[PDB]
Every structure is written in C-alpha cells, then in structure tokens.
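A single chain, nothing else alongside it, follows as structure tokens in the form deposited without the named molecule.
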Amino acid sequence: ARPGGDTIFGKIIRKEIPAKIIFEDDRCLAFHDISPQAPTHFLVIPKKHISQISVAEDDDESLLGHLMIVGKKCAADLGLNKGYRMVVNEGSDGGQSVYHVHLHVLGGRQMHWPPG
C-alpha cells in the first residue's frame, strides 16, 4: 500500500503522474484541476488517504481544517481578491469523482446559487 493510495490523487502525491502544483507541505498538496469549472479552479488534498468525508475520523479535524487554511492562502496567492467558493463532494449525489478527499477552490468569476 503506497502512501496516499492509487487513485489519481495518490499518484499525484507521489509525483508518479504530473500536476501543476501550487503549494505543498507535509500534510497536503494544492494543484490545478485539469477540467476547470471556473477561470481559477484548484484542489487541496491530504497526503493521508481518506476515501471520502463521510468516513473521516474525529482525529482528522485538524487536517481537514488545514485543507481550508491552505485553500484560502493559495486563493490569496493566486489573486482571487473578489472571493471564491470551496466545495467538498461526497458520494454519488455529491458528484464525487475520485475517492480521495479533496477540497475544490473555484474563483475568477461570479459563482452562482444554488451551488449545483
């Protein structure tokens, strides 16, 4: 079991498939989404493999919050001074496409309501 698993996001964590990386630390990785839904659209993922938010453990709280802190810092570093939307998808109704926890950050245009 290679660290991070073998979803595309685990492969990206281990530099086995390429990504456009914005920020990296010991806990997480921020990189651009290849199918962007906004002028800026990136992902913040833990390096620890968690398949989906519905199975996150209570002790994962700091790590999950760290994704949002890194997300808002990256958004500022990318000049998203008018704001942005953060999204976590869970399961089928959530539209989750990769079963490795990930925070979407979208900006550079007016986001609309409802959020899908």
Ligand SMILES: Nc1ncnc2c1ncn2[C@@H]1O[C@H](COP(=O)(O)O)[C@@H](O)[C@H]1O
Given for the second form:
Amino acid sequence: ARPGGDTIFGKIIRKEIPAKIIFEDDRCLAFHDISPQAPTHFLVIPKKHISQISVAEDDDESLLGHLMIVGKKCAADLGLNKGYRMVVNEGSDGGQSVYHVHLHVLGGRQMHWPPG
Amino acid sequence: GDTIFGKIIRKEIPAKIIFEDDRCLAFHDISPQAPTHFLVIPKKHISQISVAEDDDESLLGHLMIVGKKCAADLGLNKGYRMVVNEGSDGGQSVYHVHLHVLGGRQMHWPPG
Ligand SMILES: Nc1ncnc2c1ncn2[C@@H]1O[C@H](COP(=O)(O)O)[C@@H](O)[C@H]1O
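Could you please show the structure of the form deposited with the named molecule bound, as a counterpart to the form deposited without the named molecule just displayed?
Every chain and every other molecule in the complex is listed next, the one we just looked at coming first.
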C-alpha cells in the first residue's frame, strides 16, 4: 500500500506521473486538469487517500475544508477575480471517474445553471 | 447585509428543513435542478467562499460531511454532485455561503 494509493492522483502525489502543480502543502495538492472544461480548471486533492466523499469520516472535516480554503486561495492567485465554481462528483450519477477525493475549481468564463 | 438564507435560518420564512445542528442548516432548494436538490449552509454569515477565513476550515468541511450524510438519508445511493458557486462567473445566487447537493438523475459534464 504505497502512500496515497495507485489511482492516477496517488501517482501524481508521489511525483510518479507528471502534473502542472499550482500549490502543495503537507495536506493537499492543487494541479491543473488535463481535460479543462473552462479557461481555468484545476483540482485540489488530499494527500491522504479517501476514495470518494460518501466514505469520508467525521474526523476528515478539517481536511475537506482545507481543500476549499486552498481552492479559493489558488483561484485568487490565478486571477479569477470574477468568480468560479467548485464541484465534487460522487459515484455514477455524479459522473465520478477517479476514486480519490477531489475538488474541481472552474473559472475564466460565465458558468451556467444547472451545473450539469 | 441580510439575505433570504438569513431569514430561513431565523425561521422567519418557511423552508423544507432536512437537518439542523448548532452550526448549519440543510433544506430543499426552492428552484430544484434535479429530483433531489438541497442546500447545506453555515449559520455564520460568510458572504462568499472567497472571504472565508482559515479558521473556518472545519466549519466548511462540516457542510460537506452533513451534505454527504443527508444525501445517504435521502436515498442517493447512485451518487450526486456537490457545488459551491462564487461570484458573477460562478453564478452565485445568494451572498451567503451555500453547498448545493444534487442527485436522483445523471449529472452531466461540463458542470455548467
Ligand atoms: N493525469 C491527469 N492529470 C490531471 N487531471 C486528470 C488526470 N487524469 C484525470 N484527470 C481529471 O480528473 C477528473 C476526474 O473525473 P471526476 O472523477 O468526474 O471528477 C477529470 O476532470 C479528468 O480530466
């Protein structure tokens, strides 16, 4: 059990697969999405492996909130001064493709409603 | 300034409440975009995620944990999408921080 696991995102955490990194600390990593859906589109992920939000534990609250605080700070650092949308996809109906928790941050254009 | 979400927290206008604790409130969205569409909001008036403080971390994480628990209780066993909107480009509709939780249909990509 390599730390962070062997999903795409676990490999990125251990520098085994390349990524365009915006910010890194002891708890999380922010990097650009390889298939962007907006002019700016990045991901914020914990270093701790949690497969999906539906299985997060109560004591994971601080870490999940940290993803949002880092996401909003990275958005400011990238000049997203008109705003942005944060997204978590859970399971099949959420469209989830990578089973390591992650927060999308999208901006640099007008986002539409409904959010998919 | 006050918002309609402040009025909902204070019980001044009605909403279909799903869950409440000492620090947040979850309730069905009045303009639902999926068969299940609810909001989880802090009782603290944070106007937008861009002005949240570092010491709000665990409160924000609490919104997500409450959101995922309410989703399971509402029977969203095939999954769901969580969304926080910021500002004009994000489509933020009320200037009181709120986590959307949507499910009961396939959610699509891009997410708006
Ligand atoms: N190697 C990679 N580097 C950066 N982003 C990725 C990589 N592989 C997948 N993604 C993105 O990860 C997200 C996974 O889908 P989802 O689980 O629905 O959020 C998608 O937006 C992908 O484009």
